[PDB]
Every structure is written in C-alpha cells, then in structure tokens.
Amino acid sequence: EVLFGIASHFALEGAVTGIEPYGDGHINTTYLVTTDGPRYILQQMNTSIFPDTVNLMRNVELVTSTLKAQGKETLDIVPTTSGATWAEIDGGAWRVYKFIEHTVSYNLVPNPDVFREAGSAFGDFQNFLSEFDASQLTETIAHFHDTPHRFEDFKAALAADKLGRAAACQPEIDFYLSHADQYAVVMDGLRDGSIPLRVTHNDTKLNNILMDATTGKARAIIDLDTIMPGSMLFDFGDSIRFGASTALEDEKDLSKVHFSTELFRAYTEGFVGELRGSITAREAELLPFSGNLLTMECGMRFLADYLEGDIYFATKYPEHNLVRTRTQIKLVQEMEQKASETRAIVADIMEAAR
C-alpha cells in the first residue's frame, strides 16, 4: 500500500503493477518491483548498521559508475525523480536497482567448479577496478579488516573477561596470543606501499555473486554496501576462509573440518586468471597467507564475542562462538601445515596465467 507510494519516488521506466518481498538477505529489506516492462529491486537500507547513508551510497555510486563506464554488468542505481541515488521516506532510506535478470546464486560452495567461478567473478571485479583510485572510498565500517585493530579489540575482551569464560578457553586464547606477530603483515604493506590499495568488497560470500541461470558463468557482484579501500588480499583471504573449508564455520565435529587445497586451487585459478595483468609479486606471494590472516581475524572476533557475552554475532546456544572460533583455528593450522602445497599452487597458477 505504502510500498507503491515509495516506488513513485523513483524514475522507473514502466508502470508498477506489483510489489512483494524478495531474497534470502538478512541486513536489507528487499522488494521485487514488477512493471509493464522491466523489473526492479527496491530496498529499505539498514540505517542502524549503516547510519551514514550518504557515504555508503557515494561509495556504491563511484564503483558502479566505473564498471558501467567500461561496459561491465553491476548494480544499476535507478535515481529518484529528483536525481538522487536514494530517497528518504519517513525517516527510512530507500533505493532502487534494476533487477539483474536470468541469474542464480549459491549459499554454500557446491563444488570446485562453482568456486572457481566465484574466484573469476571477484578477479574480474578487481581487474576492472584496477585503475580506480580506492582512496576515494570512505571506510563504511572502520578498521573492518585491520587485523591488528581486531586483535587489540580481542585483548580488551580478554582482559575484561566479563563472563569469566576465559578459564574455559585457554588453548584458543593462547592460539591467538601466540600468533600476535603475524597480524600486521598486510596492514604494514598497505602503509609502506609494498601492497597496492584496491577496492575491497568485504562480503564475498557466494550469495553475493550472481551467475547466469543457463551457462553458470559469473554475471555480477552485488551487495555493495561494505565497499571500502583495503587490500584485495582481504577479499581473497576471506573467500578462502569460508569457501575452502570442508565444513561450516560452526561445525561441532572438528575431524570434519579441513582446509581443502583443491578448493584453494580452484578459487585461485579463477581469481588469478582474471587478475594476472594487475596482481603484483608481493600480492601473489601473500595469497596463501591471506587465507591464514583472515581466518585468524574471523576466529579471534568469534572468541572475543564469546568472551564478551556474544553481543556481535547471533548465537543459538551459549558455546556457539567458541565452536566457531575452533573451526577457524583448525583451518589456520592446516593452512600453516600445507604452506608448501599452497605456495606451489600459486606459483603454478601464476605462470599458467602468464
């Protein structure tokens, strides 16, 4: 009823004939708009998590404009009748994207072939943003993949030990404390130039990768809300984290959790295969370690939350964040033990892409 009124705020190119809820997404509230013609995505943005709508949308407008300029499929913002990229409607923030037709998306990594395609999709994304000045982008979530900053947060949670949970998870604590010298590797490289500042997506889960409904080839990267400056190692590393595991983040059975070199190679094949002309030598040699770093970063965040009474991630039971942190530890250790195999894989893929 009011959804129709909202829709009237935007310069749609067909008469609206329907509006209903759409998607698996958690953070935004998404609606599908049917018209006598093209279809649209209408979103009410999360203003609690993303209070600075102007900066968020500016980031999106900059990145999507650059991709469109080059003829790349991306989120196409449908302006308001007054020409803005989003509209304020009763304290609520709303925006419209053209509906990307004829796609499918995956929730979990179904096999290596689809993972390789995820890799190519983000390698492509990076390739065509290779000349975009990433420093124009504002840091929508401060210090998001600044691992030394996360570790400080973790040490604060540990020192406070408000629930007295520390006593129950010393080996997990000691794991994070003992890896302290490794957390600053990529931030240091960004600061001293050895690592290129690039666009980072920061939510590289497959449900944000649209692939063609018929060919299964990557079509577009969506959900651009967490676009920020950073290293592409932050995105690659996190994709490895969740995607190259044989199990879920919260798998209780640790014998069921492994770092798969087969998935690592697949993602790397697609990614480097699209990014070979741009990726630096420093970046390439840090590909395997980026997996370590972002898994440790995610792992310490889970443990910090457990120690803080689970105030950041949703939980379903009391030891949930602890079970999550333990999968991340198990994965990092297998990453450390397979460093030989992973360095070889990268070197081989780097020459194959030539």
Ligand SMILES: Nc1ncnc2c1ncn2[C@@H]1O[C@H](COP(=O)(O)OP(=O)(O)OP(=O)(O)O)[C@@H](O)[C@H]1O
The other form holds:
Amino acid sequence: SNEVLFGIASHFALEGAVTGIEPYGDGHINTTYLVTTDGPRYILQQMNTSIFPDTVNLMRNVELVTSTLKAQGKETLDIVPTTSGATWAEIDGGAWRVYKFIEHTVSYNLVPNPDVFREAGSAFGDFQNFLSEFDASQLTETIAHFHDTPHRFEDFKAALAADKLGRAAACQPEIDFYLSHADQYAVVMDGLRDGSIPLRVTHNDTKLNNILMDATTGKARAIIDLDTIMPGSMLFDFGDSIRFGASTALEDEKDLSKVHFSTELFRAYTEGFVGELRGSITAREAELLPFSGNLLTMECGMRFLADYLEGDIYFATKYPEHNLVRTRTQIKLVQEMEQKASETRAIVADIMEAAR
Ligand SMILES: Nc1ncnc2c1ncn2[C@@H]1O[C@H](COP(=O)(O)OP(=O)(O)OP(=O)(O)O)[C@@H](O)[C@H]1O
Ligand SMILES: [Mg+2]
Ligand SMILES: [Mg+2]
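Right, and the form deposited with this ligand bound of this protein, after the form deposited without this ligand?
So here's everything in the complex, that chain up top.
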C-alpha cells in the first residue's frame, strides 16, 4: 500500500518528488512497482529472497555487469543507490532495489516473427560483445550448477532411481531418450574446463520478455532481468534461446505434429547474434552453435522429466501430466535438430563468412 510504498521509496536517492507508486509489469519472480515522480520514473522491486537468499552476491553480480556496460556508454539497468549509497535496501524484512525506468520501449512474450527474433539475437550478441573483456570469473553462481548439464543429469538419474510416484513405468521412451544421450551432456562443461571454450558472462533468462526494444524503431534497446547473471559459456544462452525461440510451438504443446525446429528461426537468431559478436566468437564456439541448441533443449527436457518423476516440485503445473507433455516437446525439438545438423552447420558457416 501507498504509505508503506512511499516510505520504501524514501530510502532511495530518486531525482524527483514521488507522486505515485503502483504495481507494474507481468514479472512473476520479483514484485515490481512503477514509481512516478514530478520528473523521471523508476522501477521499484521487492526482491524474491526465497529464490535468491544471497542478496549481497546477486546485487554484486548485477553491479559489476551494469557498471561495465555503463562505462562503455551502453544502455542497461541503472541502479539508483540508497540514500546511504548501497545498491539495495533492507526494509523491515524485505530486500528492495530501484532501477531507472527504461522509457519508450516495448517487449514480446512469444516470438512474433523471424525479424523480431533476429533483433533478439542482435540484442544478446551486443550484450556478449560489450562484455567480451569482462572477467566473468568475478561473478558468483547465484543458482549453482544452473546449466551444468552433467550435474542436471545426475539429478535426473536420482529422481529416476527414486521413482517416488511410480511414474517411470509410464515414460520409458522418454527416460531412454535421456539415458541414451548420456555421452553428449559434458561437451560444453569439458570445453570450459580445458579452456577450449571461453568463460563469459551468461544471462540465463534470455526470454524475449527480458529484451526491451524501442517503441518506434523496434530496435533492441536493453537487456533487463539480471537476477541470474553468472559465469558460463555464451553457448548456454544461445542454446536456450534456440530452444524456446526456434520452436514452432509452445513448450507445453500436446500435439507433437505441430512441434518443429524451425531452421528459418535458427538462421534469424544466428544472423542477429553473430552479426554483433563476429569479432569475439571463437572457432570452437561457432562450431558448437547448432549443438548448443541440442544441449540446452536436452537439459531443459530432462529437468521437466525429472520433475514429473519427483511429483512436480520445481515447475508449476496445471494438470498431472504437464511436465511429461513438456518433456515430449523438448525431445521432438532435439530429434529435429539432430536431423537438420547438415542445414544448421551450413547456416552458421554462411553467417560466419558473411559477418566476415
Ligand atoms: N529498468 C526497467 N525499465 C522499464 N521496465 C522494466 C525495467 N525493469 C523491469 N521492467 C519491467 O518490469 C517487469 C518485471 O521485469 P523483470 O524481468 O525484472 O521481472 P522478474 O521479477 O525477474 O520476473 P520474471 O523473471 O518473471 O520476469 C516487466 O514487465 C519488465 O518489462
Ligand atoms: Mg523478466
Ligand atoms: Mg526474472
């Protein structure tokens, strides 16, 4: 309520007298408010400390990345300090932060067309490019092992072994798909480990609703939602974007005849992404762009299936078989990626040469 909210806002060095504070946006993790003043506007968020208990480390990650982008004249989340100079405030139990409102933007939920998907690729390619000289090792793992696929596979096997709901009996083909792909899961972790794949900043929630684009030009403006900034390989981010974004269907589509991996959307994202990162991407990274799609789609699928086997404790579900329906789309997508490897390899090689 306003009196509590107005009081909360008083903790921050706003550059305008507060005039209103109301719920804003469609975020589901933090609690987001729009602060209107006699002047500029702000985003005020109560941070979800159940999901992110370590506020100091999370905000440290956000400060490091945003400071680097700001230092280079790049638009990003701009933290407004507390009146005491901190990046966030402890208030009667809660953890609160303020960002300058990024004005004159729009954003998308579902991918509307290849052109917008290309611009999403451009947004994250630009993000990667301007962080190419940032020492990613300074960042902490806010969610440990987040895209450590071998670790996720161990978790999957534990859920399978426990079979607490006796659900394994009903999904043998899905289980065997993940078991049979076992020797593929370590490709990127091994690469990061031996230095053949660069350690880079990773965003880890590359969904389009985190890419603000200009309200008039439609061009990428800024990457937001920096809660999950961590070290990793950019292949984790690229692969996941391909996972959700190059599908012709929703993640929980029941009719598998409608679920396809679209090479047109793959080409669109890759054009935008590589177009901005051509001077930094390594040969090994380029080599793995198509496979990163397989990897992150398999990782996501195995997590859905593990959750199904464990009684749906991690992902929200709407009906008993929701996670099983989800895992099946991810399986369909990977098999198509496997079968179109010739095409995607050729697509990447062509885009690499064109970007020059
Ligand atoms: N600096 C900003 N300027 C303008 N709009 C913003 C800013 N930060 C967030 N938003 C908007 O606020 C809402 C919440 O965004 P954010 O991605 O930070 O939410 P979240 O709490 O991480 O939840 P989720 O992970 O579900 O998105 C979105 O509608 C987003 O468009
Ligand atoms: Mg978001
Ligand atoms: Mg978020």
